[PDB]
Amino acid sequence: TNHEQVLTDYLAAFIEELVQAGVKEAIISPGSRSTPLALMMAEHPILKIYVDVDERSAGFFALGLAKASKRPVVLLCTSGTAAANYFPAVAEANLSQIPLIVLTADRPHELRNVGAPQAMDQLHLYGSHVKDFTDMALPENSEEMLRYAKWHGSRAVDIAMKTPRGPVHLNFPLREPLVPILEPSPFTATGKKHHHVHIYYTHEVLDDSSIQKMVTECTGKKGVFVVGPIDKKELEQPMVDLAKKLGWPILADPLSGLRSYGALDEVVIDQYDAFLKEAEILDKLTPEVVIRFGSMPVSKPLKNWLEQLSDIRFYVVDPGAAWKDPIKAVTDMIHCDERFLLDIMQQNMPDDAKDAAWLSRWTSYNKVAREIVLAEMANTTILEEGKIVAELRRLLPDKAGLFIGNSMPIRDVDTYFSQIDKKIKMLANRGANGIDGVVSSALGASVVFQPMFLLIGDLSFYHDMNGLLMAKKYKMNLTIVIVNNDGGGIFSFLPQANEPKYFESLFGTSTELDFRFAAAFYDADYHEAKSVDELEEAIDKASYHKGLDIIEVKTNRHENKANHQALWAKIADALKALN
Amino acid sequence: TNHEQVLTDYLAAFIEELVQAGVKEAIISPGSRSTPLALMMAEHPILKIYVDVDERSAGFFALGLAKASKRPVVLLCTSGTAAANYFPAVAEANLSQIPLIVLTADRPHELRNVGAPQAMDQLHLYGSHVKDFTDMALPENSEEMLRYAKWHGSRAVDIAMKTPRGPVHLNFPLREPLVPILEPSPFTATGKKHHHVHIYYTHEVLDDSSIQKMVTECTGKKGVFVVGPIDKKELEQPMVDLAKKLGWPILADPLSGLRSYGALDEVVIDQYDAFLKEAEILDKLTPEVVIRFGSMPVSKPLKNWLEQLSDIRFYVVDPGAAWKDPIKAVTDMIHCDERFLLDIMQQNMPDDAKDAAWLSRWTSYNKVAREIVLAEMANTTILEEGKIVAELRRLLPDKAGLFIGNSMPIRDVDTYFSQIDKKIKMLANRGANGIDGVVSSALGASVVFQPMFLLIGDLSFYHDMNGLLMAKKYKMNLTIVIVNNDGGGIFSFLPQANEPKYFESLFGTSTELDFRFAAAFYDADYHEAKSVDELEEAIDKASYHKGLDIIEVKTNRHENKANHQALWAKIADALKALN
Amino acid sequence: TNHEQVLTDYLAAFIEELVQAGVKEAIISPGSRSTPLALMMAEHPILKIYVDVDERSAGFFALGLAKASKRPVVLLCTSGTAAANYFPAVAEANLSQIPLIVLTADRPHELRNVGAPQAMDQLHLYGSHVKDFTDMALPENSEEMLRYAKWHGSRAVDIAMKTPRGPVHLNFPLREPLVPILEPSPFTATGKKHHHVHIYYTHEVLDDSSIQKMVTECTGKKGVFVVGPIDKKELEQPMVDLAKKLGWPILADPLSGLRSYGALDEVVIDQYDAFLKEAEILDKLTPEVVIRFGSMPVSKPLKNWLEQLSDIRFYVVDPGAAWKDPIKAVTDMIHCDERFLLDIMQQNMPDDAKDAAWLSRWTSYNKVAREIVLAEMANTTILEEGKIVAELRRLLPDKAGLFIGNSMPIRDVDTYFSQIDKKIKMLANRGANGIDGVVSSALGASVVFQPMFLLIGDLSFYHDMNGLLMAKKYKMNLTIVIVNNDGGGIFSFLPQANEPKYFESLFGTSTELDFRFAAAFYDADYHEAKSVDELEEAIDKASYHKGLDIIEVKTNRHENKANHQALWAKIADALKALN
Ligand SMILES: Cc1ncc(C[n+]2c([C@@H](O)CCC(=O)O)sc(CCOP(=O)(O)OP(=O)(O)O)c2C)c(N)n1
Ligand SMILES: Cc1ncc(C[n+]2c([C@@H](O)CCC(=O)O)sc(CCOP(=O)(O)OP(=O)(O)O)c2C)c(N)n1
Ligand SMILES: Cc1ncc(C[n+]2c([C@@H](O)CCC(=O)O)sc(CCOP(=O)(O)OP(=O)(O)O)c2C)c(N)n1
Ligand SMILES: [Mg+2]
Ligand SMILES: [Mg+2]
Ligand SMILES: [Mg+2]
Ligand SMILES: [Mg+2]
Ligand SMILES: [Mg+2]
Ligand SMILES: [Mg+2]
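Protein chains in written order, with the entry's author numbering: chain A, 2 to 580; chain A', 2 to 580; chain A'', 2 to 580. A prime marks a further copy of an entry chain.
Simulated from the structure, these hints should not be mistaken for laboratory data.
Treat the hints with care, since some could be wrong.
Copies of the same chain look alike in the list, so a pair counts if it works inside one copy or between any two.
[Unchecked claim] Result set (BS3-like, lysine-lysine): computed pairs, CA atoms no more than 30 Å apart in a straight line:
(1) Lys214 to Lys562
(2) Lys474 to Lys285
(3) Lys223 to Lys473
(4) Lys49 to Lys426
(5) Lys562 to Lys473
(6) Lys329 to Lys25
(7) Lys25 to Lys245
(8) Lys473 to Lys531
(9) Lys234 to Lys214
(10) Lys49 to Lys577
(11) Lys163 to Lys132
(12) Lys577 to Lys426
(13) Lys400 to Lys424
(14) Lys304 to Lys194
(15) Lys473 to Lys555
(16) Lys285 to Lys214
(17) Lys473 to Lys547
(18) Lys234 to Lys223
(19) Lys193 to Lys223
(20) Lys474 to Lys502
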């Protein structure tokens, strides 16, 4: 009868089901309405909790932790504008297919839409950016209601985790009193037995008729793989193996894993962004079959090349039917597991069909472009942005995670990160390509991969400085390389940089913050790199420090276009006279 | 034919209409998609622009500027997660009825829902938190399309500004190239003439039959006014005048303006939160008529008193039919201008009907409670939270604006800000009562009222430190008093403070940040007050500094409940033996 | 340049893609805005068109045609309230997983939300009841825009057809002039070549670890199959074969196909609704494993039995993760093809594990209940509702389709349709269980199965009489048996039938329509059955008539409960003394 007991039984059934369905970490924000749910998550012995007071930074922290661990992560906040702060992470979880279980407390029906304090319409709050929305019942400890609480915990994880993965949103109207009964413990097998809903491991498969068609239309064709941002693990070697058994180049995004899976290989192309610009070379590269994996790669020239390819079989491997194809060039859509596709083609495609002139065409351009790029970077003392990427490529340990901010860092890794023989798990928020939350994302990922590193421009670092409070609070290890060009450097390349009247105020926002002060605020070892060996020293000192390190490299925004154009011409001119 | 010319003509018609409809300030965030709209806002000679790179802080900066100026303010951001960051300010603009014109650029239809970079579903992005949503056409310079662009500029402002005011959301799909033609100037009467849509000044009025009913049922009744957060200006004196001509007390929220309109008066009650707790006094205070103005006041005891009033005429003056009544006690709903109501009752209610024992009952309790509170604060040297409010009440200039953060600052002003004879415009984000964005809000309001002051707890200050970048960038004057109790002090009062096992991790989040470092980051004069005269010195130094000042006062969270209970008992015991 | 040519190129690319993706039939409603789309669908040589002027009846006609053919069906209507009429069919397509491509024309952006005639907000018109919504671009014949039109045609079908199937909604803003250019033909290979997007056949599969778990936990267990409304064809025999190789009864809904797949068998239970009511028998029937297929069966007693089963492994086979489980009893969720599951268990489960007492328990009750039911019906001359179902079971041809209305027809088929050795495809709108649109649904299904028959109560027949205009217009063959009890007979069973004061006005709405007149209106051969051989004659005459026949059987509403209770007691009393 006690409302506190009814409140306890209800939430205990929901949270226990969540944990047993695979949720191991809950990112909680402080509130009064969320009191019963947050207290019960604490009383769980198996669930790990991270408290973050900024609801925006909390969301991207769950985002990155779920990105890196591949497991479901619970967010929990109070009612009011707190839930609204989750919206940027939710939008990026949706586009980037991350399983977040968004729990938001709310006022009960009597305090809804009546002008009550700290109460807003939380119904369908995130719209189409969640896979499912549920407005839970007011707590009841009835038999059917305890089974309904458990039923929803199982449902929520399963939908979040089901291909294509994405965020899920449960709203909890909660009436006062809000203090549950934590003694005796609501869990710990201290009474009733749970009824966990086991979900079985299922995956999509190509039909045997479709397998034979796929194999037939791809035999002996001059083919090309395009692997953009991918996530499904252990697909690096199988892809390389199938590429070698056909004689096909893989144009590989940095976020594919292929530029850093632990070995060197000939099929991976990492300088396509460099040479797909030169028209006099494009004629010898024309394919007959493209097979895209994962998301669209970062490279704009590659996109414009794929766009203008006529008379071609353009396969797109989209498990879960997300229809991510911004050039709208698809000719054959394959709705099945990527693991399965690589495997049934490895065992069915002919090993004999190999035009060696085809792969030799691609690899030649690449090996030459790659070493002209590594040359100009090896013979420079100016710590320009290309050099930073170069030097991080050399200095990073094996088994090291690298989070990359959007804007210019993500593009420079494309140009200046050729393939290395280290396993370097690479992460980037590439759903909406937002500069918000990259600090909090890299922090959550640092829960999973260590050593963790973050390359990030200055504006994005300011945008999410509050994430660093988590590093201070939880004693996390992250090594942030801030490329401080004082503004938005990416805008110097776009055509708005010609007219200087309204520039700088708009694009390229001079900020003039001494990030030394921000590092003392969050108790971070701060280093400023001026030379090449200055940076070497810092990465080195950062390897002994189990904690937050921040390494600033001041660069000039207005020279970046010149160095990039000068280098691309050296690659274009070389490749232009290469037959 | 030129797409650039078509892009220019379209947006010029829309923005010119906005400016002529009353928009004088545009808060812009940097982006590539928003390039044409942001460039054209720059080429406007009359429109003032503020650039803020944090889209969340940009929104609350528009919120407060529109709060304080009472005029429409444009927000403009690029596509992607940038628009999602506006959502907390939008939610608070909706609940607090602020006219924000939210403009969000987007990719054109071909790049929508196809996996294009930095593109998300921006359709009905903010849901029910906007008054109107519009997905604009792709730019066209046709006659009908130029009139449609102008038609929407006029419509958008008018809906935003129409009672009940609130945010409005226009989405702009924009196809590349995105660089408009700014020379010759698209405005400046350099060609065509505009067709501005004049909107006429309209206001709701009570019918003459309803006037006679209102007057009749309220004559000679033992009545009480409840003015919570109000905004409509120049209603302070008329309310006080009508209260005196009936012999009725006004229970006045700090955000009503009545505790600081420039004069002292007997009808305003500012200690209701103190004495509505003592049951032995409530019997002599029972009213027969309540007339509520504006939002629900902050005070919980007052709410619980109004809730338990049976057999009473509970008028609620809600212009624009927003139905803000969390106790659901309304007996008569009045849908008309508050100015009009005060005026037709001033000229129609009988001057003779006055039971002096009624007002003497209320004013006595108040004058005694008020001076016991000012006594305990005048005779203390510990800069506890009550004292800070006391001392700011004494030290604040006339014609000074005071922004107040949520959580504990807003409640302490209720207890420790009796009425003063200065004009002190008081502001607080009281829609969703969020601790996010209070720094950015106070900053935007500082564009309007000077000198501007901000009282704020520590967590809320950390939550929106990025707002201070605006102060650095635009050289604004703000004097922030941070009440740093290291965590959430408001949670020590709630019943979750008894169980210490899971406290502190959840409620009351120890943060341990030296805000000295955050003040150097944003070039802010920093002062730490330990004594009473230390704070006096700082407010004083802050009055010469045209710039950002930050004044920290460390307080103990775990003593706050004791001082508040000790003081409330002194008021209860006194008032208990007072007849 | 010609807008007519641009309009033609755009829509030709979209419709051709639709046809090549599998759409063979378009159900069009007349309008001015839909003129370009409806004219072009006519100029297609392969697409069959059915015009229906009632937009509500048009939708259920597409519903049933897509239900029976298992293929995608296009709906097309004009702007305004016409699209709103699609909403009931859309809601039922969503719940019942039918692939409908809902195309709704609209006014262009300039005529949107401006008070233009016949224009309403068609954005997200059907909300969460569609799988996907798209607001198409204004027509453009650009390269990218022609590929975008085609891209969306392919996407729309694929999402509709992808498990779990459901409706899809494309909105088309169309600017005047609206007359396309049909000569020379936009299709017929009269110019350009198309680029069809082949989608490959994919299906979910259980992992090999999950297969071994499934097989292990189900070996030798006293198990039971529950097959409610199913649709995936050719699963009747495999299910029966797996049931026989385990010694497990199949509780089979009429809409499963199992009561009429062409043969007789012992594993199918068709009288569970009869005997799951008797408590003294339920103890001997307690299972250890339930494996549910398809939707929830109609039977309420079965649902209440499954609800109260404790300590049991409750498998639910839900391909596409729809989570349809109204008792919330699931213990193991299987997200894979039903075909696959029946097949991997046929080849892995042990043939030896068979407790014959288990199946003998179920089959005995069933064979006895079944023949007591067929006895009482064989020895009656009153054409009560049980008898009608009995006599249709005997008189229906092989290879005959039977559409069943909701309310009381669907329940009587459950009680009075034991298994027969004919192939009788059985259909019912069981998503939202609506009595609207059953005439139009059965009509569309009659496009696929012939001879087609429809059993329907009187109110539902009146609810969708307008569907019969399609039968008149297109010369279709349907034989409607109207069980006219003059009102809602289903309400005499519910507890509201005890209080007669407000009955009849509300539940059980006496209508008093002579349906003879409605049959002349739609040129339908009308027969009224009074005796058993009267009905035999009519079904017989109806078999020579290639056309619309309507056969009324007047029944008494207030006797139905008595006959049903009397019969259920004969079954309960018999089964009570049967060991
Ligand atoms: C929340 C939000 N709001 C605004 C933007 C727009 N936006 C960008 C997109 O164009 C980047 C798309 C991409 O990378 O694909 S980049 C950018 C400046 C970033 O400066 P930085 O971090 O110092 O980096 P660097 O100066 O380039 O070295 C902005 C402001 C955004 N992305 N997200
Ligand atoms: C965005 C968001 N997310 C979470 C909360 C919950 N919430 C509060 C509401 O209960 C305050 C409702 C109110 O004031 O009416 S107060 C609070 C702590 C504030 O600490 P402070 O600023 O240092 O102040 P002090 O410690 O009290 O001196 C939190 C975290 C919120 N309001 N908004
Ligand atoms: C559109 C809509 N609106 C109202 C109803 C409510 N409703 C019913 C549901 O309870 C039937 C749920 C079910 O079958 O599961 S049955 C019913 C009367 C039907 O009378 P009839 O066709 O003459 O049949 P008979 O009298 O039983 O022989 C109504 C009016 C509805 N279903 N759909
Ligand atoms: Mg714990
Ligand atoms: Mg930068
Ligand atoms: Mg200007
Ligand atoms: Mg505080
Ligand atoms: Mg035709
Ligand atoms: Mg009937």
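A quick look at each hint next to the structure:
Neither within a single protomer nor between protomers do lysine 214 and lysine 562 lie at most 30 Å apart by alpha-carbon distance, with minima of 47 Å and 58 Å respectively. Taking identical chains as interchangeable, the C-alpha atoms of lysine 474 and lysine 285 are never at most 30 Å apart, the minima being 56 Å within one chain and 52 Å between chains. Taking CA atoms no more than 30 Å apart as the test, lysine 223 paired with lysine 473 passes in neither setting, with 53 Å inside one copy and 58 Å between copies. Only within a single protomer do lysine 49 and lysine 426 lie at most 30 Å apart by alpha-carbon distance; the minimum there is 24 Å, versus 46 Å between protomers.
Taking CA atoms no more than 30 Å apart as the test, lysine 562 paired with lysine 473 passes between copies only; the shortest distance there is 29 Å, against 37 Å inside one copy. In the homo-oligomer, the alpha carbons of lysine 329 and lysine 25 lie at most 30 Å apart only across protomers (24 Å), although the nearest pairing inside one protomer, at 39 Å, exceeds that limit. Proximity of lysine 25 and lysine 245 under a CA criterion of 30 Å is satisfied in neither setting, with 39 Å inside one chain copy and 43 Å between copies. Taking CA atoms no more than 30 Å apart as the test, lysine 473 paired with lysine 531 passes in both settings, with 27 Å inside one copy and 26 Å between copies.
In the homo-oligomer, the alpha carbons of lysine 234 and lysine 214 lie at most 30 Å apart both inside one protomer (27 Å) and across protomers (25 Å), since each shortest distance falls under that limit. For the identical chains of this complex, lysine 49 and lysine 577 are neighbours neither inside a copy (57 Å) nor across copies (51 Å), given an alpha-carbon limit of 30 Å. In the homo-oligomer, the alpha carbons of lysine 163 and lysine 132 lie at most 30 Å apart both inside one protomer (10 Å) and across protomers (16 Å), since each shortest distance falls under that limit. When the C-alpha separation of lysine 577 and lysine 426 is checked against a cutoff of 30 Å, the pair qualifies neither within a copy, at 34 Å, nor between copies, at 68 Å.
For the identical chains of this complex, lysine 400 and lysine 424 are intra-copy neighbours only, at 5 Å inside a copy versus 63 Å across copies, given an alpha-carbon limit of 30 Å. In this homomeric assembly, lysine 304 and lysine 194 come within 30 Å of each other (Cα to Cα) only across copies, at 24 Å, whereas the closest approach inside a single copy is 55 Å. Taking the shortest Cα distances, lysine 473 and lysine 555 sit within 30 Å of each other both inside one copy (25 Å) and across copies (20 Å). In this assembly of identical chains, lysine 285 and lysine 214 lie within 30 Å of each other by CA distance solely inside one copy; the values are 28 Å within and 53 Å between copies.
In the homo-oligomer, the alpha carbons of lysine 473 and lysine 547 lie at most 30 Å apart inside one protomer (12 Å), although the nearest pairing across protomers, at 34 Å, exceeds that limit. In this homomeric assembly, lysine 234 and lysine 223 come within 30 Å of each other (Cα to Cα) only inside a single copy, at 27 Å, whereas the closest approach across copies is 41 Å. Taking identical chains as interchangeable, the C-alpha atoms of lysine 193 and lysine 223 lie at most 30 Å apart only when they sit on different chains, with a minimum of 26 Å there against 63 Å within one chain. In this assembly of identical chains, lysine 474 and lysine 502 lie within 30 Å of each other by CA distance solely across copies; the values are 18 Å between and 44 Å within a copy.
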